Amino acid sequence: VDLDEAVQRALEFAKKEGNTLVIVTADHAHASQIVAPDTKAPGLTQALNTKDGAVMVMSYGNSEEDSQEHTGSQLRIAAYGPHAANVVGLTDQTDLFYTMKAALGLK
Amino acid sequence: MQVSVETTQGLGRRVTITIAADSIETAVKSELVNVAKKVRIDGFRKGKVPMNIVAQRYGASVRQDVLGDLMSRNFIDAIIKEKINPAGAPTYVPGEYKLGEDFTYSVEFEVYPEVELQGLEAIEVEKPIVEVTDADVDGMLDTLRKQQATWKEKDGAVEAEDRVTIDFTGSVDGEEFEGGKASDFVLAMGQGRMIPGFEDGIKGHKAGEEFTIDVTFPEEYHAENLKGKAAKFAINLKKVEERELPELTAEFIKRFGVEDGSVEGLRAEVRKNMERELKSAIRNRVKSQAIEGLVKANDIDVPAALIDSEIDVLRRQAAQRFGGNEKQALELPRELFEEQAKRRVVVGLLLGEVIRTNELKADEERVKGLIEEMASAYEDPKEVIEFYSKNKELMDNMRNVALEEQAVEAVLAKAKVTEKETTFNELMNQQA
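Chains B and A, in that order, give the protein sequences. Per the authors' numbering, numbering through the first sequence is continuous, rising by one, with the last residue being 471. Per the authors' numbering, numbering through the second sequence is continuous, rising by one, with the last residue being 432.
Keep in mind the hints are simulated off the structure, nothing from the lab. Beta carbons: idealized from backbone N, C-alpha and C, even for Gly. Among the hints, erroneous ones may be present.
What the hints assert, rightly or not - Calculated cross-link-like contacts (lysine-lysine; reagent style DSS-like; alpha-carbon spacing at most 27 Å):
no. : chain 1 : residue 1 : chain 2 : residue 2
1   : A       : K279      : B       : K415
2   : A       : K83       : A       : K98
3   : B       : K404      : A       : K287
4   : A       : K420      : B       : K415
5   : A       : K296      : A       : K327
6   : A       : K227      : B       : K404
7   : B       : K471      : A       : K420
8   : A       : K238      : B       : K379
9   : A       : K416      : A       : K342
10  : B       : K380      : A       : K272
11  : A       : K227      : B       : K380
12  : B       : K379      : A       : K420
13  : A       : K296      : B       : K404
14  : A       : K38       : A       : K127
15  : A       : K83       : B       : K404
16  : A       : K342      : B       : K379
17  : B       : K404      : A       : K342
18  : A       : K416      : B       : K471
19  : A       : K232      : B       : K415
20  : B       : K415      : A       : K83
21  : A       : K127      : B       : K471
To be verified - Distance windows between CB atoms, simulated:
no. : chain 1 : residue 1 : chain 2 : residue 2 : range
22  : B       : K415      : A       : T165      : 29 to 37 Å
23  : A       : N236      : B       : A418      : 51 to 59 Å
24  : A       : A413      : B       : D456      : 49 to 57 Å
25  : B       : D456      : A       : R255      : 55 to 63 Å
26  : B       : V399      : A       : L370      : 24 to 32 Å
27  : A       : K416      : B       : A411      : 29 to 37 Å
28  : A       : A432      : B       : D456      : 18 to 26 Å
29  : B       : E433      : A       : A413      : 42 to 50 Å
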């Protein structure tokens, strides 16, 4: 006859410990992330909507135009780096009507 | 040439080149007189010592030195007559070399396999014709006002976008769960640290009343210990607050990219800015739907060569923003980039095959549009237009991406693409 232990406060205290706004934080993994990857367990501690990193690169010193110059590294105006001199020399007949160089091996 | 064109497995083809004994002894000998020319002693050599002695005794060390080059000469020789574009990485596995005898080495590299286009018409893409309408312009500007809002209190009136201070004592299904209480929490109505039902019981009342609300956790709600259960929350309203709209002062509103600081100039400024973000994100939307549909619909054994290339670009991209690691990028954990890069290869293979099948070529005016609009995202377009259009190497690169986009829209003309017209609330504004 020790029911007073099981019911002591509520159960233990309430259950155990607390929080800023007490609910068990579940994810809601949809977002602007369209149905394309797997990512069945993303986790991710809240985050900020979808688009955030833009006016800062979080590297070198590139944000304000003061320190944006010289270290202008934030992927400003993009370009492909397939390796080698695109065609290289040997393409022979890839059978395309213009040399697409997204990716290239050998080096 | 003395070669044994074997295959290790599938793509990995092993052209085991063995340079002929006579050809090595001659090639090394020809390189040894070049060493003598480099040190200028060739003209001091009176021919008193015959060439056999300087090759066999002195040049006994300088052998693998010459073979390093010779392996590459037979490589470029082989792949040209074999008509193979050298994929993988040329792996010269040296069997052995005896004194002036045959040098066996297994050159292992990849070949390009059979590519199959399929399920092209099966792919379900969406084409959202999104613009930043007056609703989106003023609505999102209003959200910006309510994010940068002046803190104030009011006597007993709470609405959907105000602020509150409460202490609650909730219980889920009848259990005083994890915590139970949450004392003096400041709820800015418009946050997302609580579910619907809860917030709806806050945002339509006044301070002084201490009541309960009935909420229920969704079936989609990933916390199983809460999922389906009805949670009763005794909400104690102690403070009614407002995140009041701040002043859109001329000296403040100008700072959003308006010269004179006109409100109509801000609406116009965020029209062009949010649309510059928007249409590029529409491009990523429709393209990634087509691209995923392509990979998922199609089968091919993917060369590690091209995977290493896409990983490498993603390593540079990572290191760039990971403190700017100066060409340390190569060492960055491959597994982070492995899958997405291999995906980006399957993209390049299928879209390249769509360029072939649909017989496409990059249009200069299309490349021009891409340049000027990508550069219109900056206050420096002119130097970008010059950086691409005055450089055939980088203009050809931008012909590659233009033709790749033509390849996407070539698949879209085949695929189940549902075109719709809608507001900015569609595309990135999926805040759920």
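Each hint, compared with the structure:
Using a Cα cut-off of 27 Å, the hinted pair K279(A) and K415(B) holds, with the two alpha carbons roughly 14 Å apart. Between the alpha carbons of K83(A) and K98(A) the distance comes to roughly 31 Å, so the proposed pair goes past 27 Å and is violated. With a C-alpha separation of about 22 Å, the suggested pairing of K404(B) with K287(A) holds against the 27 Å cut-off. With a C-alpha separation of about 23 Å, the suggested pairing of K420(A) with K415(B) holds against the 27 Å cut-off.
The straight-line distance between the Cα atoms of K296(A) and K327(A) is roughly 34 Å, outside the 27 Å bound, and the hint therefore fails. At roughly 18 Å between alpha-carbon atoms, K227(A) and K404(B) fall within 27 Å of each other, so this suggested pair holds. Pair hint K471(B) plus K420(A) does not hold up; C-alpha atoms about 45 Å apart against a cutoff of 27 Å. With a CA separation close to 26 Å, the supplied pair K238(A) and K379(B) stays within the 27 Å bound.
A hinted pair counts as satisfied when its Cα atoms are at most 27 Å apart, and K416(A) with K342(A) qualifies at roughly 25 Å. As the CA atoms of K380(B) and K272(A) are separated by approximately 52 Å, the hinted pair breaks the 27 Å bound. Between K227(A) and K380(B) the CA atoms are separated by roughly 19 Å; this keeps the pair inside 27 Å, and the hint holds. Annotation: proposed proximity of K379(B) to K420(A) is violated, straight-line Cα distance about 50 Å (limit 27 Å).
Restraint check: the Cα-Cα separation between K296(A) and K404(B) comes to about 17 Å, which is no more than 27 Å; the hinted pair holds. Among the hinted pairs, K38(A) with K127(A) is inconsistent with the structure: their alpha-carbon atoms are about 65 Å apart, more than 27 Å. Among the hinted pairs, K83(A) with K404(B) is inconsistent with the structure: their alpha-carbon atoms are about 44 Å apart, more than 27 Å. Under the criterion of a C-alpha separation no larger than 27 Å, the hint pairing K342(A) with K379(B) is inconsistent with the structure, at around 47 Å.
Among the hinted pairs, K404(B) with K342(A) is consistent with the structure: their alpha-carbon atoms are about 20 Å apart, no more than 27 Å. Between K416(A) and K471(B), the direct Cα distance comes to roughly 39 Å. Violation of the 27 Å bound is thereby established for this hinted pair. A C-alpha spacing of about 35 Å is found between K232(A) and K415(B), which places the hinted pair above 27 Å, so the restraint is violated. Taking the CA atoms of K415(B) and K83(A), the gap is about 47 Å. The hint is violated against a cut of 27 Å.
Restraint check: the Cα-Cα separation between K127(A) and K471(B) comes to about 39 Å, which exceeds 27 Å; the hinted pair is violated. The supplied range of 29 to 37 Å is met by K415(B) and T165(A), whose beta-carbon atoms lie about 31 Å from each other. Distance hint check for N236(A) and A418(B): the Cβ-Cβ separation is about 41 Å, which falls outside the suggested range of 51 to 59 Å. Between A413(A) and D456(B) the CB atoms are about 30 Å apart, so this pair departs from the stated range of 49 to 57 Å.
Between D456(B) and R255(A) the Cβ separation comes to about 57 Å, which falls inside the hinted range of 55 to 63 Å. For the pair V399(B) and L370(A), the beta carbons lie near 28 Å from each other, so the given range of 24 to 32 Å is met. For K416(A) and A411(B), the hinted distance range of 29 to 37 Å is satisfied, since their beta carbons lie about 32 Å from each other. Roughly 52 Å separates the CB atoms of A432(A) and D456(B), a value that falls outside the hinted 18 to 26 Å.
Taken as a hint, the range 42 to 50 Å holds for the pair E433(B) and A413(A), whose Cβ atoms sit roughly 44 Å apart.
Checked against the numbered hints listed earlier, the structure breaks hints 2, 5, 7, 10, 12, 14, 15, 16, 18, 19, 20, 21, 23, 24 and 28; every other hint is satisfied.
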